[PDB]
Amino acid sequence: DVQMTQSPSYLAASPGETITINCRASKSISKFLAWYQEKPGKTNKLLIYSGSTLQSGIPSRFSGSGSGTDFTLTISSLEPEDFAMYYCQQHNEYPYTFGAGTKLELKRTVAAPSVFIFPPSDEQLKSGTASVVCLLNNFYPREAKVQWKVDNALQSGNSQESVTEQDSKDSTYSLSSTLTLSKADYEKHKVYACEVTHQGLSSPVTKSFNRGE
Amino acid sequence: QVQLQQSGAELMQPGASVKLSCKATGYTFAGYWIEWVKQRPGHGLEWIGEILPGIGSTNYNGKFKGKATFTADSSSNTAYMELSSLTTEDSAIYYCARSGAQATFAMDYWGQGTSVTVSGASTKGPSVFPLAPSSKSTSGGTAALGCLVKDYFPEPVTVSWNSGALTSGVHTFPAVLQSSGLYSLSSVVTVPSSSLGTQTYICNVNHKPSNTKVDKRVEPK
Amino acid sequence: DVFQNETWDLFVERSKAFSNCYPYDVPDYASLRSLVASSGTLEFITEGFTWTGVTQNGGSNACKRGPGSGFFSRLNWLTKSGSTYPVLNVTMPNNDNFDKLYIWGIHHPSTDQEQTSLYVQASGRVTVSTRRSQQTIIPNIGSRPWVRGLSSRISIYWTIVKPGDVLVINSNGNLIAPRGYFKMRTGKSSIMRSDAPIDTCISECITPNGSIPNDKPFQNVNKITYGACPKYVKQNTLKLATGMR
Amino acid sequence: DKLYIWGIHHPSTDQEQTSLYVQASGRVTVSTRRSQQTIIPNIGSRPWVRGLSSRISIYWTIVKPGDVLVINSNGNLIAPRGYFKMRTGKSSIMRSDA
Ligand SMILES: *[C@@H]1O[C@H](CO)[C@@H](O)[C@H](O)[C@H]1NC(C)=O
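For the record, the sequence lines run as chains A, B, C and D. The numbering used here puts the first residue of the first sequence at 215, with every later residue one more than the last. The numbering used here puts the first residue of the second sequence at 17, with every later residue one more than the last. The numbering used here puts the first residue of the third sequence at 77, with every later residue one more than the last. The numbering used here puts the first residue of the fourth sequence at 81, with every later residue one more than the last.
Bear in mind the hints are in silico, worked out from the structure with no lab data behind them. Mixed in with the good hints there might be a few duds.
Think about it this way: if two alpha-carbon atoms lie no more than 27 Å apart in a straight line, the pair counts; the simulated BS3-like pairs of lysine-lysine are [as the list claims (entries may be wrong)]:
| hint | chain 1 | residue 1 | chain 2 | residue 2 |
| --- | --- | --- | --- | --- |
| 1 | C | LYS92 | B | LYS83 |
| 2 | B | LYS237 | A | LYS363 |
| 3 | B | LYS140 | A | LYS397 |
| 4 | A | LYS241 | B | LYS79 |
| 5 | B | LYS39 | A | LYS256 |
| 6 | C | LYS299 | D | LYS170 |
| 7 | B | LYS224 | A | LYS256 |
| 8 | A | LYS340 | B | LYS140 |
| 9 | A | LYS340 | B | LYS152 |
| 10 | D | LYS170 | C | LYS92 |
| 11 | B | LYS83 | A | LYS397 |
| 12 | B | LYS79 | A | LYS259 |
| 13 | A | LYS397 | B | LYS79 |
In isolation and in its complexed conformation, chain A is listed as follows:
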């Protein structure tokens, strides 16, 4: 069973440049590696096979290299369409195994989030449970991190976080997180705060809200 690692798990690039994506196998697979493209809305596509042979119909800007345990795929002169997901697969040893894949983005610039916090409306609280929501919008990179405090008391475990599907239209992202509590504790707890940190920011950003506003 040949396990693999495809690197980097995250590739940030811009159209027109040339890049390489690495794939490594647990043990030797001779020359038999293939590179596939996955993009939403249609079928996955075979780019390269046997390590270095170009599949028919694929533009020549895709070209593979390597052998044994080390393989690479060169993508040259990035078209805007080339910004998709890519996988490497061995077909030497029988139980075909795929790499975890890589995400390729476009228009690689920096931008800071807009950080907001919302209360659970009264129709949430009549359920007997309070669920606070924290939001981050239009940010890049995707290294955002979220944090909660109630009456300046730190919280964890009782909360969760989630992210958008990475945008291809603008390649800026958003994040939504939730914290759950009892209505009884919600009534007495007045302050809620959500803090965050972002790669593009120099200081943590904390927002807070109180009853009656």
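Fit chains B, C and D with the ligand to the given chain A structure using the hints.
Then chains B, C and D with the ligand, alone, in the frame of chain A:
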């Protein structure tokens, strides 16, 4: 002109069995391998197995030895995979792919991917709630205003703002599966701060599998 | 499979007998049938063939061993590895004190694409040899009549290895390898085609028409005989004078 | 029973083979449910006979009732035009100048 087209999505209870299908057109179906691959978030592509339909030669990955069972009908050029004793871990997309010596057994064509969702949750319409802007400060140039859909199964829930009249800055975060077995989802828009005093923003949502229609308004405070 | 390791002094084949696995043809079917019947046993000893770089235990839809696909239990359908089918060069010496009967075969795919799919090479080749003898089979890629859902075939061949001799199997595709050898024997065993039922009784003679007494010196029942049978003659009757005029 | 008489052509030269049949090498397969025969043409020069260095190798197949004949070829096929109705009886053959 060659393609593989698979069955539609499936919603299975735990302990059941489902037969995914894959029709092939544009070539001699009996001669090429049909290879079944599993994909799900984080884990990525995972090769289930393959079958040579003409011979019926089946060959499985060890991890799916008892889980899967390939079959082929050459008259309709249709391969089948019978996933048996479904569990929550089987919720995933499954691809059928063409393989042969032409591409040195690299999968040169793929199906569109049939999605399977395994869950004991019963069908349920969402609860739709507002997310008010200007929690503390009244005006901050533009603020986000949201609508939260919760406690619904199965996916999807189709959302729009102001009956589709509002589209600038609209972002809908794909759903999250909670420990309760029900889905949750957030939708949000960016609106001018002043408009809060003279404009009403309303989220329209349809939970189609039960046709649960909900209109819910949102405002500061 | 109920006949595994069975032994007989007379194997009785029924006209209703049928084959329900991969369609196969035995070049010189009569020779193999006769020598196996004369051997008198199906005693099969598995051997540790080291098939390197290939997929063992292949199967087909036509040959349903259990809930799904299967294959002949005494044959091993070798199939390509992930993307390669090396030149198998295995060997097996006969250090024992008896002849070893190896049953192997060559696969005949229906189409060129099927051949390339099962075996990376466009054309296969099987060679099975001993110190003196050798056999080489070239698979033929062509469509045969639909039998149990298949247009392909398997051609069955056999090799006999004497003590001290060594078997060598060299193949580049289309090899239906053996899983071992059948222990050959010499004796009174034979085979017969008969639809007659079998009963608990004594008889030194057997014919397809059934057991017959052997007190008389001649018989007109059948020319096919087993045991201490009377000699066959065309005459229906022959009265011998056990008295006087 | 149906008796089909067919054959495989053996050209004298590779160019002749390619001229008669586009493929560089031929192949004939004639099979029934049980039996099968495959012939690979051999391209080589034989002794001059009636102006020809090529040959035809004649083969026969017998098809029982309910059985089906299949002929699969990619070149060098001397096909049959039909079948000879087989019979069982007292017929025989003899060499004699009398
Ligand atoms: C048949 O007998 C041999 C010994 O001669 C033994 O190794 C083998 O396991 C037996 N097979 C079965 C099915 O009993």
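Satisfaction of hint between A/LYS256 and B/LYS39, Cα-Cα up to 27 Å: holds, 16 Å
Given pair status - A/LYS397, B/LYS140, alpha carbons within 27 Å: Between B/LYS140 and A/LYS397 the Cα gap is close to 24 Å, so the pair holds against 27 Å.
Does B/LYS224 pair with A/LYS256 here, judged by a C-alpha cut-off of 27 Å? holds, 24 Å
Please verify whether C/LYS92 and B/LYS83 have alpha carbons no more than 27 Å apart. Violated, because 38 Å separates the two Cα atoms, which is more than 27 Å.
Run the distance test for B/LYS79 versus A/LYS259: straight-line Cα separation, threshold 27 Å. The given pair, whose Cα atoms are some 25 Å apart, holds under the 27 Å limit.
Holds or violated: A/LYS241 and B/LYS79, Cα atoms, limit 27 Å. Roughly 20 Å separates the two Cα atoms, so the pair holds.
27 Å Cα cutoff - pair A/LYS397, B/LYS79: violated, 46 Å
Taking only the CA atoms, is the gap from B/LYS237 to A/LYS363 under or equal to 27 Å? holds, 21 Å
B/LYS83 paired with A/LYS397 [C-alpha distance capped at 27 Å]: violated, 45 Å
When you check the alpha-carbon spacing of A/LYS340 and B/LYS152, does it fall within 27 Å? Given that 27 Å is the threshold and the Cα spacing comes to 23 Å, the pair holds.
Tell me if the straight-line CA distance from A/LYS340 to B/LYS140 falls inside 27 Å. holds, 19 Å
D/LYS170 and C/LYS92: Cα distance at most 27 Å? Not OK: D/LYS170 and C/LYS92 at ~31 Å, beyond 27 Å, violated.
Against the hints set out earlier in the document, violations occur for numbers 1, 10, 11 and 13.
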